[PDB]
Amino acid sequence: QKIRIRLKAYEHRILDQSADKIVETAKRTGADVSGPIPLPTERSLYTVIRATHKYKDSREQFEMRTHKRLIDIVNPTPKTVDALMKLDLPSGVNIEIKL
Amino acid sequence: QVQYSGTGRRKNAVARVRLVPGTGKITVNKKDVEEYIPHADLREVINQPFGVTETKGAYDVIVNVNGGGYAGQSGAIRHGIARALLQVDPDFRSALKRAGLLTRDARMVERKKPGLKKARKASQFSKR
Amino acid sequence: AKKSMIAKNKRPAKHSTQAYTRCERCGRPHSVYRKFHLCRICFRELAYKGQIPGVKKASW
Amino acid sequence: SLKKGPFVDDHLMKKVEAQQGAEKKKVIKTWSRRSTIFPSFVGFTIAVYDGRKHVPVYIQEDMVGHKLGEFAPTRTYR
Amino acid sequence: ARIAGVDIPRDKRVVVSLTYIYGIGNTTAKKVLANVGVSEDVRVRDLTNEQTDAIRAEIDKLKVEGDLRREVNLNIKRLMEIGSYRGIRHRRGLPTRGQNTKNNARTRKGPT
Amino acid sequence: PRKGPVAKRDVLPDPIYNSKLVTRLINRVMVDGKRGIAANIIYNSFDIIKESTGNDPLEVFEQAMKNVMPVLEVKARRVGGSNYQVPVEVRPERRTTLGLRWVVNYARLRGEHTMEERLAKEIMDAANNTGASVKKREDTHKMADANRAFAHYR
RNA sequence: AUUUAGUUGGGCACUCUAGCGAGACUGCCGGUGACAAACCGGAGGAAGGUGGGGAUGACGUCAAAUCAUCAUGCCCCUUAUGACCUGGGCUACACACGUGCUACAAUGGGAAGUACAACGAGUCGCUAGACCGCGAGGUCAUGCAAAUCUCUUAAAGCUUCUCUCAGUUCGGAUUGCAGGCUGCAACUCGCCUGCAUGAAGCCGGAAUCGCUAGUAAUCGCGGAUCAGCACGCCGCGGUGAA
Ligand SMILES: [Zn+2]
Numbered sequence: 004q005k006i007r008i009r010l011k012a013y014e015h016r017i018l019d020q021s022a023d024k025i026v027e028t029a030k031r032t033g034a035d036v037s038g039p040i041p042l043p044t045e046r047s048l049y050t051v052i053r054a055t056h057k058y059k060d061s062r063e064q065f066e067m068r069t070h071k072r073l074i075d076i077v078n079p080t081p082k083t084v085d086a087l088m089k090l091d092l093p094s095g096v097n098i099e100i101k102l
Numbered sequence: 003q004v005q006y007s008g009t010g011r012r013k014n015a016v017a018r019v020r021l022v023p024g025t026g027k028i029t030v031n032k033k034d035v036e037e038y039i040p041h042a043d044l045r046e047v048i049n050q051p052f053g054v055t056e057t058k059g060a061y062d063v064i065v066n067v068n069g070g071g072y073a074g075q076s077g078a079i080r081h082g083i084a085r086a087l088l089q090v091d092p093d094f095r096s097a098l099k100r101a102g103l104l105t106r107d108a109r110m111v112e113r114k115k116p117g118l119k120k121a122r123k124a125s126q127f128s129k130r
Numbered sequence: 002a003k004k005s006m007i008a009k010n011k012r013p014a015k016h017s018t019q020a021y022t023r024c025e026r027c028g029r030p031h032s033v034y035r036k037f038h039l040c041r042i043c044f045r046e047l048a049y050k051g052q053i054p055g056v057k058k059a060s061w
Numbered sequence: 004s005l006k007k008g009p010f011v012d013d014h015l016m017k018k019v020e021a022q023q024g025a026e027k028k029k030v031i032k033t034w035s036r037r038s039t040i041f042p043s044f045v046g047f048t049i050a051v052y053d054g055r056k057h058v059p060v061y062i063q064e065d066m067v068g069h070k071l072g073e074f075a076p077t078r079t080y081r
Numbered sequence: 002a003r004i005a006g007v008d009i010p011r012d013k014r015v016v017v018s019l020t021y022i023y024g025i026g027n028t029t030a031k032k033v034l035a036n037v038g039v040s041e042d043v044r045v046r047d048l049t050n051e052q053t054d055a056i057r058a059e060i061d062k063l064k065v066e067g068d069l070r071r072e073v074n075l076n077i078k079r080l081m082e083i084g085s086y087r088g089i090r091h092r093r094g095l096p097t098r099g100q101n102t103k104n105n106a107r108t109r110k111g112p113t
Numbered sequence: 002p003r004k005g006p007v008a009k010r011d012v013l014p015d016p017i018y019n020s021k022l023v024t025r026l027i028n029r030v031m032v033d034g035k036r037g038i039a040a041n042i043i044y045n046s047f048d049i050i051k052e053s054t055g056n057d058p059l060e061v062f063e064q065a066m067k068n069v070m071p072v073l074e075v076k077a078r079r080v081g082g083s084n085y086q087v088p089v090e091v092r093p094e095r096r097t098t099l100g101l102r103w104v105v106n107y108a109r110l111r112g113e114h115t116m117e118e119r120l121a122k123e124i125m126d127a128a129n130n131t132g133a134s135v136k137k138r139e140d141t142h143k144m145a146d147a148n149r150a151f152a153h154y155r
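Chains as they are written, first to last, in PDB author numbering: chain j, 4 to 102; chain i, 3 to 130; chain n, 2 to 61; chain s, 4 to 81; chain m, 2 to 113; chain g, 2 to 155.
A portion of the hints provided could be inaccurate.
To be verified - No farther apart than 25 Å at their CA atoms in a straight line, the calculated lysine to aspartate or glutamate pairs in the DMTMM-like style are these:
1) n:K36 / j:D91
2) g:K21 / i:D107
3) i:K114 / j:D60
4) g:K35 / i:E112
5) g:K76 / g:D146
6) i:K120 / j:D60
7) i:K115 / j:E63
8) n:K15 / s:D53
9) g:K35 / g:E118
Calculated from the structure, these hints are not laboratory results.
Kindly generate the complete structure, drawing on both the sequences and the hints.
Right under this line is the structure:
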């Protein structure tokens, strides 16, 4: 009800520690928070050849990995909105809230 | 009434077997036996656990298969059924382990290597 | 023959099919990732130092 | 395939125009690459430029569809 | 000899045997067989004189000629004789969009 | 290969005849992984078997094995820079594999218009000392024993 | 229960999503072996003998390759070997060699109807639906900054007819005509559609290449760079051998 937020980061340990912190602060003044729903964690690849002039027969690659979590909140209080705007850190994850 | 469970997997294809005391058929994705399973002869293929346990019927089978190719998702039907026959009676697990049909095929498509044509095929290389 | 050309590519183009892609800290015309504005190999050099977020090695 | 008509530049038009009632001039120095031919350009005498030489050629009325690029062969196979 | 131009042979059906002349691909054949109201008939050509005359007159509504070869010749005669740069390389068989050939002469001449 | 002997991969029997031999027969027809087309034309070959002089659908295949299957073959066992190839008894699985090769891999050459008359009637012919694969074995045994004297001592 | 329809009421049961965990170590038994390392079988199990792959490359060899990614010892140029712009060229062809794609047809071509994947991408980017067109496509427009909307309903597949061994309804190069799309502009020099055309080619000597099982062989799909352009590269999945 009128709030659901998203979590997107690179390291799942920072993800679920900040997710457990906000679940701890979730039903503080409110109630009925839904847990950390996982997401399929998009991934990219690249390709860089291991030389500077020749030698395409030997290569190298890397990866992007984007871990995504999800926490829903049902039937909230008004007091948690000003509480969650007092909740700002860590900085490795970026939240994505709606109403 | 009660229903009998079971699941089977092969070749990036998953199946959810739902065994019921019936008459002996199979319904897959709310269709018939050989409307969604095409012209292939894979009946006694699937009925091979029945030839070692409760020959031949009479249990109708519900299953909802998805993913993979047709033969791989057909072969995964064998193992949910054999898991169900283990669920019914303990006295067939010897008859299954003599026949197999319980070990999941862990063998699937192999990772390539960046630098070849295929997973192990090398390109032509003229000596002279 | 490139110090005039890097300053040539910082200008607004004469028309649409002239603003191609080269690297930023070097000036390579070929094989530049447009997501990163880096070439093949300066990306490789900065990838090891932990100075590009995101990127790790890839084994699977 | 140039479905919205022909294409002739407007910095091709600006050499002479008064040769419509008189006998035409001989100097038409240009680039002669982009512009095609459409029937208002019949019977002139154009120095078609091939990257090095504004090669002179005059016009017949059935040398009419293609561009000015047939008559700049930049290969020199002799 | 035979019915139109030359050599409409039997022992093949109608859409097959009509392909044998200079001017029929397959769309011309299906459209001409659609304009009369006929069929495959059957795997040997056993048409009647009404049907042969109808499909004889309908082909005459086209460019299907032995002068269609001469029509191609006057097309390429218009081509090669203006200047022509496309005639120089038309006789050397390279297309007007270019194909950049140093070993693709074995299509036409076989330089080996 | 170099170190020791390798495993040999026993197979699965049929979905109908419950035969490993007919399964192996299908697998030396199969091209590009199309198994169902080769299996279905082999069941069609058994249907042609059953109609024209229907005796037994599998004994005709066993008699096709009878009139083809070798017992002898020469093998170049030189010792000190010679050319003394020895007529040697063949391994039994290689024997059956050469039989399947001489049945199917020679049957490309009948050249008849119906696409499995080169299969069904061909293995009908091999049951009763006909088909040119029998005479392949005959000339194979005749080029065998050409060095019966000066090679059988090794 | 409903609705075309897991839609909407409901549950987290199965599946799936992915965090924390358990699980395969000669672990037990029998033979061989100096009783030792170890070798051969058996039970259990999802896999038993480093379960299957990947990343990981010592001392050193070849004055191997690189000033043309970068930095740079020394030497040379400087109203010019430096700079701006137009047009051309690296895409030529009497020839020889290397690497790939498509065929030489009956396990096939042509027509009709009929199913099942995986990876990834998306804001000036992917397009739902509708209308029209022989088509490449054209127009109005709806969802989409994402397990939701699209790319996208995959090809080999399956059932009926067909052709009847031919240089052939195999083959599909070459050439005229008509077009479509992005580009300010497809002549030199983009891709694709349609009509008309239809060549070699019936399994290739000497010689030579890759590969020990989800491999080889065949079949499609996605991405990078990119207005536009892929038989190349990188990756995934289907059928599945001796
Ligand atoms: Zn760089």
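Tested hints:
1. Distance restraint check for n:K36 and j:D91: the Cα-Cα separation of roughly 29 Å exceeds the 25 Å cut-off, and the hinted pair is therefore not satisfied.
2. Between g:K21 and i:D107, the direct Cα distance comes to roughly 21 Å. Compliance with the 25 Å bound is thereby established for this hinted pair.
3. Our distance criterion of 25 Å between C-alpha atoms is met by i:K114 and j:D60, whose separation comes to about 14 Å.
4. Pair hint g:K35 plus i:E112 holds up; C-alpha atoms about 21 Å apart against a cutoff of 25 Å.
5. Straight-line distance between C-alpha atoms of g:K76 and g:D146 comes to about 12 Å, which keeps the hinted pair within the 25 Å bound.
6. With a C-alpha separation of about 14 Å, the suggested pairing of i:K120 with j:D60 holds against the 25 Å cut-off.
7. Restraint check for i:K115 and j:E63: the C-alpha separation of about 11 Å stays at or below 25 Å, so the hint holds.
8. At most 25 Å may separate the alpha-carbon atoms for a hinted pair to count; n:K15 and s:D53 meet this at roughly 24 Å.
9. The hinted pair formed by g:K35 and g:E118 meets the criterion: a straight-line CA distance of about 20 Å does not exceed 25 Å.
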